[PDB]
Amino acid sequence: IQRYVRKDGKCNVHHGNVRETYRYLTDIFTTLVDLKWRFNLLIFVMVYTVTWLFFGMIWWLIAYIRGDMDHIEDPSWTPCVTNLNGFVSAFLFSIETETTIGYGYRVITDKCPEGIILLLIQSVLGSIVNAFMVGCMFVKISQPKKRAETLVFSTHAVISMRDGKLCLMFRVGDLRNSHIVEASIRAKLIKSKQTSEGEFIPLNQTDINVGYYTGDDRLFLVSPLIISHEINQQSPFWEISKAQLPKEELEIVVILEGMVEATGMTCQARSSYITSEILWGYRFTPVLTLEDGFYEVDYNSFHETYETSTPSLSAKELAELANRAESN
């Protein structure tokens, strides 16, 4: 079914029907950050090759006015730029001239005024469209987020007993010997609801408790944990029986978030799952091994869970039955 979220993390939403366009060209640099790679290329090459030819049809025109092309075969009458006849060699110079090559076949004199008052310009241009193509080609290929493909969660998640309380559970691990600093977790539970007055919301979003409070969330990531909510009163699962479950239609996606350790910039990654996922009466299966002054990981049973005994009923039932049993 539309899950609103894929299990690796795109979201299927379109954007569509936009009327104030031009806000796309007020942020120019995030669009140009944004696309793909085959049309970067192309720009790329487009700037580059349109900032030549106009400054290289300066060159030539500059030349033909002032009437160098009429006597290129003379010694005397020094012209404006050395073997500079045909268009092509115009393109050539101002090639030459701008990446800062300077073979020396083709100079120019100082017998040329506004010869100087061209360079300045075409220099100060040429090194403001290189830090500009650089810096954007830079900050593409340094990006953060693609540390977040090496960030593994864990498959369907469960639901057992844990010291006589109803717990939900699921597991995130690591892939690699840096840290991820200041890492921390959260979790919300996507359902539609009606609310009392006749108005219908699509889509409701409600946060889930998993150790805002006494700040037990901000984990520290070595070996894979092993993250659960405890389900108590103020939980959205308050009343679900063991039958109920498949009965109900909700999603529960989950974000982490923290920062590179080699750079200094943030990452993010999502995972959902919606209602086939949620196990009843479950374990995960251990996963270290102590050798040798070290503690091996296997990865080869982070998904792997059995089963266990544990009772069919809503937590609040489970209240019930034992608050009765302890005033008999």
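C-alpha atoms forming the largest set that superposes within 1.5 Å between two forms make up the rigid core. Positions refer to the first chain, counted from 1. First, how it differs from the form deposited in another entry.
- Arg66: CA moves 2 Å or more between the two forms after rigid-core fitting.
- Shown in the overlay between the two forms, fitted on the rigid core, is a CA shift at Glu96 of 2 Å or greater.
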Contents of the next structure:
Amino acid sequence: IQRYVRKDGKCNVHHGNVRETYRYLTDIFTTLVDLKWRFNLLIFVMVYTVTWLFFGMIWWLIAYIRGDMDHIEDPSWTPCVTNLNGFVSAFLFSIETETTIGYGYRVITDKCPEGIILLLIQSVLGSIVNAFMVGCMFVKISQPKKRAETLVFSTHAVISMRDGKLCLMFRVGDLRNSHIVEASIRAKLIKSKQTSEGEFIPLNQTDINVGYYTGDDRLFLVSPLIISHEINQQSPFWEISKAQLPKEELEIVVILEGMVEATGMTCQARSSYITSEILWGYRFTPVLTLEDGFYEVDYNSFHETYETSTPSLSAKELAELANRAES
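Next, report the structure of the form deposited in another entry; the form deposited in one PDB entry has already been given.
No partners, no molecules, just the chain.
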């Protein structure tokens, strides 16, 4: 309510009264991988057992059409699967075959032509039942959405006059010595707005130019670096003074997107900054020290902000007051 997207990156959105629920089953794969693990591990368990006893019913039924059960002690009646006698054995024959274990205490014989077809359609279909599930287990393990746990954001965002221009800043860092190839940063300001025609938008997304023009959005992320957005005329913080910033009802949403290095999958690290986390007159503490040929990044001071001197007027007043300085 207070917050749109959590500081973890989770979003406070319930997707209400979706009516076309066939659309979830229209792409059964992607709605399967985004399940919980317990539900993934249960449906993985459920599909193999329902596969084996399905074929185990067919390995049972070919004994009844052939009458191998009707002459079980009669040894001249060579069965389709020898030593298959009961359903506990018939179901056991499928697991030995669909998993390609194949013990051969029960071994299919050649006198029966019917189950030879059943060796095909168990094995040619059991491979895709494997592949629909062994691939589903892989891409839930190798998903990029968990790489964001090692991409940390600053807990607060700060505002200070960086080189004459008032700038909004927040720190982002990577906790690994592996890289984020094609690392891009972008930022959306979301706030309720009301147009001149009465059309009130509840959570309107508005861009924040964190360097999309000059090429500064694509960033190099070995060390924690401060993402500075210059509060200029096009910025949505252009008329925000230090009087309004406790009273505003806005929310920054930052999205650090970039490909995982060891794969080609693209991670997305979301974080947010609400108007009680925006700090006026503060700046970040440095983290890089030089020691024995290497720059050491103390991550304990990653969030540490200290108060510096800063004017309290908005950037709209600060430019015009600078315009009176030349007179």
